[PDB]
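Given next, in structure tokens, is a single chain: the form solved without guanosine-5'-diphosphate.
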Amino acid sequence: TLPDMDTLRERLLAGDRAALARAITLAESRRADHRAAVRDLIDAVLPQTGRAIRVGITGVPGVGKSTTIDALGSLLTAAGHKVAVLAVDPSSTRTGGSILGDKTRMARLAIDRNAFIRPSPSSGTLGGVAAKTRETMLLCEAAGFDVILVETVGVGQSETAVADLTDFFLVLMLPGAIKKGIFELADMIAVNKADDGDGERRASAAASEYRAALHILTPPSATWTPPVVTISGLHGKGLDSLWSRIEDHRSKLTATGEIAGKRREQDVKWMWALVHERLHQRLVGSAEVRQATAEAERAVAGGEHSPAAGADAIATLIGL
């Protein structure tokens, strides 16, 4: 029932799409041994990873995120790139994941074998979902995908996780009509024209406001000052220019070692995220333990016992 893992690994490394899909499937197995086998695989293929541009993309629903990603992704595959699109949605902690995904939201990419689209994976905690996404990213990179787009999906709080999964964080904004922390995550803002009601006047007007405001915020790296641009996902305008800026960021921050520096900090974060997910799984591993954990948390939320008293209560459960 477990595939020959040496065969699977060698196929995956040769760009075998079915092998990549199977490795991803093994990571969601009910069987601990299946999940362990793919963890071994990922560590085994680590030296073949990391040779990709990793871009996180966010924006409020209706900004035209799917349309823009479909357009940009298609420009990239036409140019000979192999493009993975991975979703992160905090609601996959509450659904069991997606049985067939939702790739058809990107109509062109959905039928393009030069692209590979996967939905948000199921886990107990957002940290768990994001850690699993990191595993998937590594598998895609080992299989030869050189652009990895990671998209926030749904309404919940996934923006920081996606920034911490990628090298470059792109924020798509509407010309008018945003969770405040998003500006400080941005390596670039793109004001997108959604429909026939949005032209260069509305788009440029909003861009100028964002550009002016960003001037009071200190860029985290002297190597990069976040630009504000306009685009139309719908009409495929300004996307080549947008991409060139992301490539410039990659070139510049690779030369300074800053891409690698950020990735190593992220890697340690995702290590501890899995440790913490596993702890959570223990604290909900039976109805009785879940009940007790939930009540400690409730007592703390309710100001009936202090945070330290709640933590001590949790400690006793772990000891039991």
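Rigid core here is just the name for the largest C-alpha set that superposes within 1.5 Å across the two forms. Positions refer to the first chain, counted from 1. Compared with the form solved in complex with guanosine-5'-diphosphate:
- The only C-alpha among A71, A206, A186, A194 that moves by 2 Å or more between the two forms, given a superposition on the rigid core, is that of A194.
- The Cα position of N114 differs by less than 2 Å between the two forms after fitting on the rigid core.
- Shown in the overlay between the two forms, fitted on the rigid core, is a CA shift at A255 smaller than 2 Å.
- Once the rigid core is overlaid between the two forms, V150 does not reach a Cα shift of 2 Å, moving by less than that.
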The other form holds:
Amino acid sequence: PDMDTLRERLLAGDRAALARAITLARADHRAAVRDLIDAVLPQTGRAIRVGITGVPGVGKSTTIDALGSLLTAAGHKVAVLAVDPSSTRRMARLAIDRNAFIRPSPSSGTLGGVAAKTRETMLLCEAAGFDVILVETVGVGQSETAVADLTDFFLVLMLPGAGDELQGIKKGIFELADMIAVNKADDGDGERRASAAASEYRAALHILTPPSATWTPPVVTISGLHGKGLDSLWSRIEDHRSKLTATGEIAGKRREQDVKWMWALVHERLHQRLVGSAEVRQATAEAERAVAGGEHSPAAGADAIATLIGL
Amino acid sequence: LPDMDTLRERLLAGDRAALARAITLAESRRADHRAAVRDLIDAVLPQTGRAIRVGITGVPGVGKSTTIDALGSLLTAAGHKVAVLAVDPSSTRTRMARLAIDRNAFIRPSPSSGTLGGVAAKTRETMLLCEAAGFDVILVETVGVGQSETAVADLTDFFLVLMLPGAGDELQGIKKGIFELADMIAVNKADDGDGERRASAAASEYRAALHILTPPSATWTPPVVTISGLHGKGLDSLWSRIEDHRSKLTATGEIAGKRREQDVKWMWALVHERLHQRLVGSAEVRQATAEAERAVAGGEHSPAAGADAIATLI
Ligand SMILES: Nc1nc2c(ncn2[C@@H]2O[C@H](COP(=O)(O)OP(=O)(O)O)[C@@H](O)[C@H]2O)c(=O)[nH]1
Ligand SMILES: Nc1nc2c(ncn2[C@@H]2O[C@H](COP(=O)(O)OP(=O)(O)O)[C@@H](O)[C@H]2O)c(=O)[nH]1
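Having displayed the form solved without guanosine-5'-diphosphate, please output the structure of the form solved in complex with guanosine-5'-diphosphate.
Full assembly next; the chain just shown is listed first.
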């Protein structure tokens, strides 16, 4: 409590109020903050939402720290969030940045739950006046698609070498990308290496059909460590925002995303009621085991689960 | 209902009439009929799974019906029994001429359900019945408009994408989401002469891009091939590549592993379809569900508030 004061404080720009709200996001504490979000929904959405991914070691934290510091220096308020699978189990300079709000990936039993708390945290930050939301993720199962469905622009960071030199990435990320940035383009030979690799990705991306006629994903080279190409990278993100806002496509994407998250939440309530209940959790596991083990057909397993939903 | 023990025998004996009967019973409006079929399937489960399951997709007009008709006919001539199953999202609302007359083929349209998940899950059950009846090749095709590509990929062992022969400025391009699903790209309409030169030119562009974009050392590297479904070119080679995939991924256990993941997916799909039935069961709940979706879609209420409203209705 009390939720009327918290809201007025949040909308004013109060960091402790944002912190408090985020903390709430206990079942009755969860629910209180959801009514708050519905109430400030009209003051959300005035932010550029960017998803960022890439292989461990590519330079995500380094690049985020460098870009976020450029952005705060230019007068933005930057929220840096995360969707990390490891949360179900240091960007040093941005931390000291009072105009940045870093939040580690929230704890939750499922990746759906991690995704759900992050989307909540994002709307809270927007209501609090943050105008850039960066969402960091790693390529684990479904997290990349989840983050691409949470943001306006999905940035994929790549090591400076394609084809035979690729490792540790899921193929589909090239289709989620609104831009590929090849990192480690350090003065000298790094520039040549990264540029060679960018030219290959550029040639390859030509076979993938862009989802919008309004935007053809660029391939750029950057050095997050040495601060090369970062302003040009951001300029492309701003270009995308401008062009797709003009056609109504940012709004359009956001609406689709919202209805997707609505249905995903319904299925999430359902599942964790079946998995939480000391009454039916074992029966649910037994049905999944019978199906996965080929003892009973998928439909037979669904039949057993139906009875548990009865009760 | 008929005697289900006789029906089971006839099905396992490979009787095509029994298969169609079991399918008709699955499509019945009576729940008690649909239940009998579910029990039959559980009973014949140990006799299922000895088939190559292939998903096939491509844009309308690429020549999918023609290619399936041709390939299906080669396979039945080679001693196989072939089922062709469609998956179409318009099954949730509201022509292969030679194979249609082939006694060793079994063709069925997309089953009705409330959700695409439901349609696909009912397709998996149909696939099990076909396999129990001795069908050793199951072709599952996407039909109409819709994004049923993922559903068809998650129903099968191998996902084949058919593409148009355009090259250079006329290259078709791979649609978003298909690149990560494709186990092979076949450029169709490689007719003798100009057509096959365009198809080979397109294949070379796809092959070069795929090399750049595909991390090495996967068990299987998706090939790019050219075919003509209409003139019967490249189909035996295309099939040998699918048999190669089966061998390689059977040896690593990857085919069994994927089928396990899929089966659990389809179980949960059926659970969700049943809860969707609840939300569209009467005019009043249908309208309430629509109003929740419209509120979230219009920015008036948050996703969580819409989800609250839905959960309540059930
Ligand atoms: N040479 C070079 N090294 C970099 C660059 N960006 C990051 N690194 C280094 O790459 C390693 C991984 O960086 P980090 O940001 O932690 O990677 P992350 O796991 O993707 O978040 C560290 O040693 C970084 O200092 C760059 O642009 N050039
Ligand atoms: N020239 C040529 N035409 C083809 C080939 N395969 C299919 N077609 C034609 O392309 C049109 C669409 O074929 P269809 O099989 O119905 O395509 P679908 O909509 O993808 O199922 C028809 O006129 C076919 O005759 C081919 O290999 N060569």
